[PDB]
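Engineer: Here is what each chain is made of, one letter per residue.
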Amino acid sequence: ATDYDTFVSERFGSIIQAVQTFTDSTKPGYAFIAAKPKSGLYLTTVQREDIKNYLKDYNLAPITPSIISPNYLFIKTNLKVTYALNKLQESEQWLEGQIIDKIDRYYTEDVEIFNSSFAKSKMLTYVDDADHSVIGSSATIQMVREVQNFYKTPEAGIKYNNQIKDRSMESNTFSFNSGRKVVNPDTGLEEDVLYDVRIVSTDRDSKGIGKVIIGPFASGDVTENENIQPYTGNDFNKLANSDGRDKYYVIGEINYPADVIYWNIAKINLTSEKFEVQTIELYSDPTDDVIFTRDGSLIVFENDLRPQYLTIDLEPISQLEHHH
Amino acid sequence: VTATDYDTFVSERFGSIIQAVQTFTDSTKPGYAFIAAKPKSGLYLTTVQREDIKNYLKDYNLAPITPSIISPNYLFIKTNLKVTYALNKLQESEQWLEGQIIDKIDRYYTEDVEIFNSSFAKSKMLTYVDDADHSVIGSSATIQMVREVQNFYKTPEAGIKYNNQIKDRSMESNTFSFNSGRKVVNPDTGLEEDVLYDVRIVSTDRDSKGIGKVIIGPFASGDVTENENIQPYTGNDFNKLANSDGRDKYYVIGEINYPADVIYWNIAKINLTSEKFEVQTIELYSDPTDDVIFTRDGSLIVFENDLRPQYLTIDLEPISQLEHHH
Amino acid sequence: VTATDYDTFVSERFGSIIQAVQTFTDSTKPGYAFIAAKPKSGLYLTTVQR
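Protein chains in written order, with the entry's author numbering: chain B, 342 to 665; chain A, 340 to 665; chain C, 340 to 389.
One or more of the hints may lead you astray.
What the hints assert, rightly or not - Calculated pairs, BS3-like style, for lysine-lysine (alpha carbon to alpha carbon, straight line, at most 27 angstroms):
1) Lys417(B) <-> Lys421(A)
2) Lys421(B) <-> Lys443(A)
3) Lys506(B) <-> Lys417(A)
Keep in mind that the hints were calculated from the coordinates and are not lab data.
I would like the entire structure built from these sequences, with the hints used as guidance.
Structural biologist: Okay, structure coming up:
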């Protein structure tokens with residue numbers, strides 16, 4: 342870690358706020374250094390080529406350390422703060438600002454650091470701490486791993502470094518392109534029907550394993566031969582429809598206890614071409630309210646840039662027959 | 340007159356073995372001036388029944404209204420704490436550690452919460468819990484409000500309230516034994532008196548006006564006599580308990596007004612005599628919608644772990660160290 | 340307020356032809372503050388009625 346990270350952390354301390362090295366058991370030979378810009382999220386490919394070009398500075402001929410951006414774990418927070426009407430001078434809009442700062446001040450200080458961790462109980466005491474009028478808060482978290490490629494998990498897998506619950510793992514939705522014509526003079530003569538779809542996990546087996554299955558289809562546009570046939574279990578979360586779509590299929594699988602997640606859309610004869618996205622986001626409920634980082638993973642609150650991962654509900658109180 | 344004037348009156352003539360006073364008057368009970376009194380040490384003033392609450396009676400000035408020196412209507416917090424710490428950061432035992440967090444959970448209560456018209460917040464106390472070591476990483480909790488009920492048979496004339504809002508089905512008591520008149524045998528033993536099963540009081544989802552039933556069960560088909568009035572509660576709509584004895588027929592005996600925050604029941608509404616029940620006092624648990632619990636009139640949120648240990652479970656969890664290498 | 344405060348009030352502004360004062364309030368007769376007054380000499384204060 343610090344053996345080489347620190348140096349770098351000297352010649353570049355004006356940008357990078359977090360640097361640590363690690364190996365991949367598997368990508369033998371390769372040493373990577375994750376670095377987080379103090380100034381946001383991803384170092385720029387120019388900022389990256391400069392930093393790599395101090396590798397020559399310190400003479401090493403062997404292929405030498407790949408710099409790269411950190412594997413972020415995000416907390417989708419659903420915050421609720423109840424406050425006293427009397428004791429609150431400015432706008433609700435102000436108050437939010439006042440606390441959404443506190444959250445960040447906790448993250449920067451105690452969390453946004455390698456192998457340091459997020460404790461929901463701590464940041465809530467930060468929230469409480471934001472005004473002299475913030476009587477008490479509560480909070481509900483999710484974990485977000487932002488997936489680089491939707492089509493197949495890495496060679497190795499995707500892991501949260503944390504225990505999730507059953508059926509918990511679920512990506513967002515991405516358009517699948519069937520291939521049929523719609524024949525609609527509204528928008529010409531042909532739209533190419535494309536219905537949303539997601540990738541969810543099902544319940545632990547006898548032995549700790551689930552199945553990573555993929556959202557609703559219309560019989561025809563997925564070819565089934567004995568082997569590859571519709572999944573049947575109802576041990577997962579189906580999604581809102583308006584269409585006659587209820588045929589989910591099975592790729593990869595979740596090892597709940599070892600938290601590893603592998604899937605590969607290929608397991609059903611569907612080329613990347615068929616989906617109009619390239620990136621997705623995987624969510625899942627933690628088991629605990631204390632969540633952890635490990636090799637090159639970093640937990641981070643970047644809220645003016647990932648605002649979708651915080652929501653604040655306030656509850657103004659006076660006196661009082663009622664706060665819900 | 341004036342409750343405030345009275346509160347003082349006692350924060351003087353007794354201001355010795357008394358910590359706090361709430362002089363409130365109940366709108367259901369005219370001409371009666373009620374005086375809540377915290378013992379400053381324990382829970383009940385003359386649990387010996389007056390020894391004390393009679394001495395204060397013996398303080399008279401003016402008015403046609405009469406004092407009724409009572410002990411405070413206590414709100415309890417059944418906390419299921421789940422603190423987690425770092426194996427290495429810890430030098431003394433889990434045993435010494437518990438005795439360290441509850442030292443804080445107490446510090447919070449007795450400074451901010453254990454007061455009249457004062458309140459409790461889970462988030463705020465879990466800050467105090469977290470603040471007991473160099474680690475101690477974080478903490479979880481799962482709380483319920485508890486109201487201790489003397490005479491399980493029936494609530495007061497005017498119902499019992501929490502001074503807080505609870506959730507649908509949230510309200511449920513601990514279990515108690517109901518002596519069915521009947522008799523059975525096993526294991527070579529004999530009649531074994533009268534068959535007993537564990538029975539209890541639960542609330543149902545609120546109807547379209549904010550109002551569910553307060554029901555009691557299960558039973559046998561059974562040990563309760565059904566009338567035009569007395570009939571098994573009609574439908575699923577709440578929390579049933581383990582029929583390790585197979586039973587299930589519950590009966591309506593009151594209702595919760597969720598908005599008004601009032602709960603009334605009377606076991607006499609079916610026809611069971613208190614004789615058919617082992618108990619006298621029971622516990623009434625509900626879980627709030629409140630991220631803040633409010634005390635109020637004669638109500639008081641207190642934390643007495645020593646004398647009320649049952650209302651706190653701490654499950655610790657040790658954690659492996661991270662990086663020790665550099 | 341306070342009957343005691345009132346008793347004085349009169350053991351001053353009148354403390355001349357008055358011997359004693361009892362300011363009590365009757366629980367049957369609200370909003371009325373009653374002032375007993377011994378004439379210090381006879382029986383009735385203004386038996387002449389006021």
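Engineer: All the hints need checking, so say for each whether the structure fits it.
Structural biologist: Tested hints:
no. : hint                    : in the structure
1   : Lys417(B) <-> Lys421(A) : 22 angstroms, holds
2   : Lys421(B) <-> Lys443(A) : 25 angstroms, holds
3   : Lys506(B) <-> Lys417(A) : 25 angstroms, holds
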